[PDB]
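Note sheet for the following structure.
All protein chains but one are shown at their positions in the complex.
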């Protein structure tokens, strides 16, 4: 199984697998059942911003999701990622729908990773516009880019309607060096803006920023509550 | 009173005012009496690196100090800086000597702050060399710069010989908008490299990175254990 | 006199002082009389973006001004700024109105300066919103800060309408070390977004990004065609 650290923006409460009964942001460490969640007021059809921060000094994985009206939800979990993640990973964005659905539209994604020692190795990318053939993104499942400049992680119908039982992921093409024993600080941060729209009656299932082994694939069956991240709900 | 937030590399244990009984790094919140410390093996005549990171989402100010052999000390303190600093600040470096002395040489200093809302105000500077006329630094007390390219926070001689009763600070010329009520993320980091050397009976007193009100001055009598930071040891 | 290097977005053809007979972008080297210009179609009440780029290696100061439709104007000038500017400078934005007028609104402004080596000193700042008390800007003449979150280089009424005979500049608070004789690469770029609106018979006079001596102030009578920049039109 892939190893997954994710920040989930979870729109649909799966209380049978330990979701709280509200939409929530969560920190997931090798389980879809978040280690820490904060209640999240998903603003339907508004553009949200998620920021994700981690460094190896504080070892606190933090996320905020905010919308321009000012509503933000924040979650943090102290976790030593040296002990969770492979040294080398791919970073990505993941989303899913199951019985219920939503557009899981990414409008921008930025990532910076650094390994500082005494004084740096670093990777930074930013996408504000996704291109039709976006050669530095590995698109998995139903994930599609361009020409509107967005990344549609999951299926949107011609008529604009999001489709259920969809999953897709974008991963940055290059492997990322997320920790290195000799580094005194390893840090990463990620930001993405997203547009979750549910016309129908209930948004599902959510969007995750995730970090995984290099060869990470969509686990078979990982539509719906599994967010394209996990093979099961353990 | 000035309002002070600081990461001290405290080379001298003033156990009468609450220092631990060893050299230490410490996180100073409006008091010289650190809210958290970690034992710090200061490596005499070696070039050390301090990295300070504050994570507005995680609300955690962290610092590591390391030397090239790999030895590091780490300290984090859980704090919301919105509740501490004013909105506008100066950032700087401070050092002092007292009855015991050391060089407090800064070889480099970088700083980044970001104030985000949705889809940012930022400031970033980096010094890798300090000119004799370093116009974007407010030198206070005994801080000089140049010509060896270094910033000397406290008096040192001609031939490298540290002086007692010395207090010096360098603040960045521009004010920094370090938080704002409407910032989703108000982060900063800073990195400095330093050379503390002493042939004394004991080194004293330390270097601090600090954030203060804009009009912040060296408090009267803040040589020694007060680190050029604080008016008294409360 | 001050020493001035500027990129002007000059909305008003002052053909008696060497402007071309159309709105234009220009590169001003110690003179309001551009060393090079390109015809610029200023789009009234649209948000335009100016990007300024200099490197010490190519010795070429380049500017583009665009608007969201794709319409751009470009100017480059071959010049060694080591030969023109003092080592230390302030960078800023300037605008003026004269007998004719326009809003000279700045919606964002960034700047990055790097001096290597042979490590790197750098300054970067980023304004995407301007505060009512924007402490890290020196406002001169009729420059306000906002809300509307904006920087109003010249007097406009709270109810949008620009004023004649107005001059205003914003300089970043810190001096910038823009070149140094022992720098291998002394480069900078700036970008600003702006909104020029006029209901006048023409718009005038324009906006400039400028680099000046540290103690640079608006020269007496540099409203109008002088762009707040120059004491005369030589």
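Order as written gives the chain letters A, B and C; numbering starts at 1 within each chain.
Criterion: a residue touches a chain if its C-beta (ideal position, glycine included) is under 8 Å from a C-beta of that chain, and two chains touch if they have at least 3 such contacts.
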Query: Which residue from C:62, C:121, C:150 or C:222 sits in contact with the chain not drawn here?
result: C:62
Statement: Checked against the full complex, the residue among A:69, A:120 or A:234 that touches the missing chain is A:120
Message: Tell me which of C:3, C:41 or C:72 is the one touching the absent chain.
response: C:72
Field: From A:128, A:157 or A:234, residue that would touch the chain that is not displayed
entry: A:128
Field: Touch residues of subunit C, complete complex, unshown partner
entry: 49, 51, 53, 55, 57-60, 62-64, 66-68, 70, 72, 74, 76, 116-118, 182, 184-185, 187, 191
- request: Please give every residue of subunit A in contact with the chain that is not shown.
  value: 88, 114, 117, 119-129, 131, 135-136, 172-177, 180, 182, 214
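The definition used in the following text is that only the chains that are shown with their structure count from here on.
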Task: Give me the rotation angle that lays the C-alpha atoms of subunit A onto its copy subunit B, rounded to the nearest 5 degrees.
output: 180
Query: Between subunit A and subunit B, what's the gap in Å when you average each chain's C-alpha atoms?
result: 36
- request: Can you check how far apart subunit A and subunit C are, centre to centre, with Cα atoms defining each centre and the answer in Å?
  value: 40
